[PDB]
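In the form deposited without (2S)-HEX-5-ENE-1,2-diol, a lone chain appears below as structure tokens.
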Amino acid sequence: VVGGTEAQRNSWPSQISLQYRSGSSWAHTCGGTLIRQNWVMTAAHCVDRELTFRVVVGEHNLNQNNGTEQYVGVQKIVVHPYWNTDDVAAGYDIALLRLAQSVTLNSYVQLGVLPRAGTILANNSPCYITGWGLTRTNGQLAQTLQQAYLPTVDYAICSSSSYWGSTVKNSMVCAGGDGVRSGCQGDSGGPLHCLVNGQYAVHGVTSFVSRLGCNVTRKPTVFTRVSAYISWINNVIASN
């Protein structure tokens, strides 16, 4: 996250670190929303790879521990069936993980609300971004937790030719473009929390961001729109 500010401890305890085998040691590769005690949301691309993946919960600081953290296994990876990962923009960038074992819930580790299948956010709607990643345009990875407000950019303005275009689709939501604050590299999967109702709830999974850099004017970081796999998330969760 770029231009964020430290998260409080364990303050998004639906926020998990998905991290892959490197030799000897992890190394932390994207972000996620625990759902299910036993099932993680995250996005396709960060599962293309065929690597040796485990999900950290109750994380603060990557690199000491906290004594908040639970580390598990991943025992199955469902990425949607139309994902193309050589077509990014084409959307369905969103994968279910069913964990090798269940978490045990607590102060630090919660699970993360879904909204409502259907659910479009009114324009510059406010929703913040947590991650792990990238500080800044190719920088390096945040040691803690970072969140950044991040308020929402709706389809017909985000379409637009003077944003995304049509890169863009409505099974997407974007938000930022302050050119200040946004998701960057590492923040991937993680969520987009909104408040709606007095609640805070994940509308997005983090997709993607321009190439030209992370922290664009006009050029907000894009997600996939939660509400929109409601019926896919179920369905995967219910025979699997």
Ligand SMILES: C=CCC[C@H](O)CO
Given for the second form:
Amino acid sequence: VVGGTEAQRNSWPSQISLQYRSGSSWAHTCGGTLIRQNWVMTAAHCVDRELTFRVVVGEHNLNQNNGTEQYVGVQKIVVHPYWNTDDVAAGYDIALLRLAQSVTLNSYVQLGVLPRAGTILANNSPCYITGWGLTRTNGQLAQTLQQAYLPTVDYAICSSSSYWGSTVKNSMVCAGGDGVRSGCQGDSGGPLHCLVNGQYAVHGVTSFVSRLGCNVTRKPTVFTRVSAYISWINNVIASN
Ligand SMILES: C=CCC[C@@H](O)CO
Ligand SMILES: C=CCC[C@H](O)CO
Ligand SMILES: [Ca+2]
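Given the form deposited without (2S)-HEX-5-ENE-1,2-diol above, produce the structure of the same protein in the form deposited with (2S)-HEX-5-ENE-1,2-diol bound.
All chains and molecules follow, beginning with the one already shown.
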């Protein structure tokens, strides 16, 4: 997250860190959202490669022991059937991971709330992006969980020539674009928490940003719209 501030360690309990084994050590690669004690929602492009993955819940500081972490392996990866690695702009950047074990819920580990199917947020709705991703374009990962205010930018506008144009679809949500705050490499798969009816629900899964840079004016961060996949999500967790 570029232009963010450290989050209180118990503000976003559904946030998880997706990591892969590099030889003998583990490295953070993406974010994700705990939606079931044994299910995690993330971006399909985060699990495109065939590597060994593990999920960490109740995490705050990646390099320090917080005394609240839970490490669990991933036994099943269900990528959306229409996902195409070479065409992220086509959408469908979403995947579901069945964890090898059910995590224990507590003050630092909670389930994220999903929106009602087909829900569209009004332009400029209040949302927050969270993650341990790059704090600067071509920079380095954040040690502590970062958060940033990132209001939505509706489709009509986001798909206009002055913004993303035809690269953005109605199955995506755009947020930010003030040239100061944004998601960045390492935040992918993470949540876009939006305040609706006095409650924060996960309306997006971080998908991509501009090739020019992370924080670019008129180039908001693009997210997979969760409300457009509610049926698919339930169908998967119902038969797996
Ligand atoms: C926050 C998303 C970064 C994803 C990049 O790979 C796209 O340029
Ligand atoms: C296992 C801890 C996460 C490591 C990070 O990717 C950077 O050191
Ligand atoms: Ca830690």
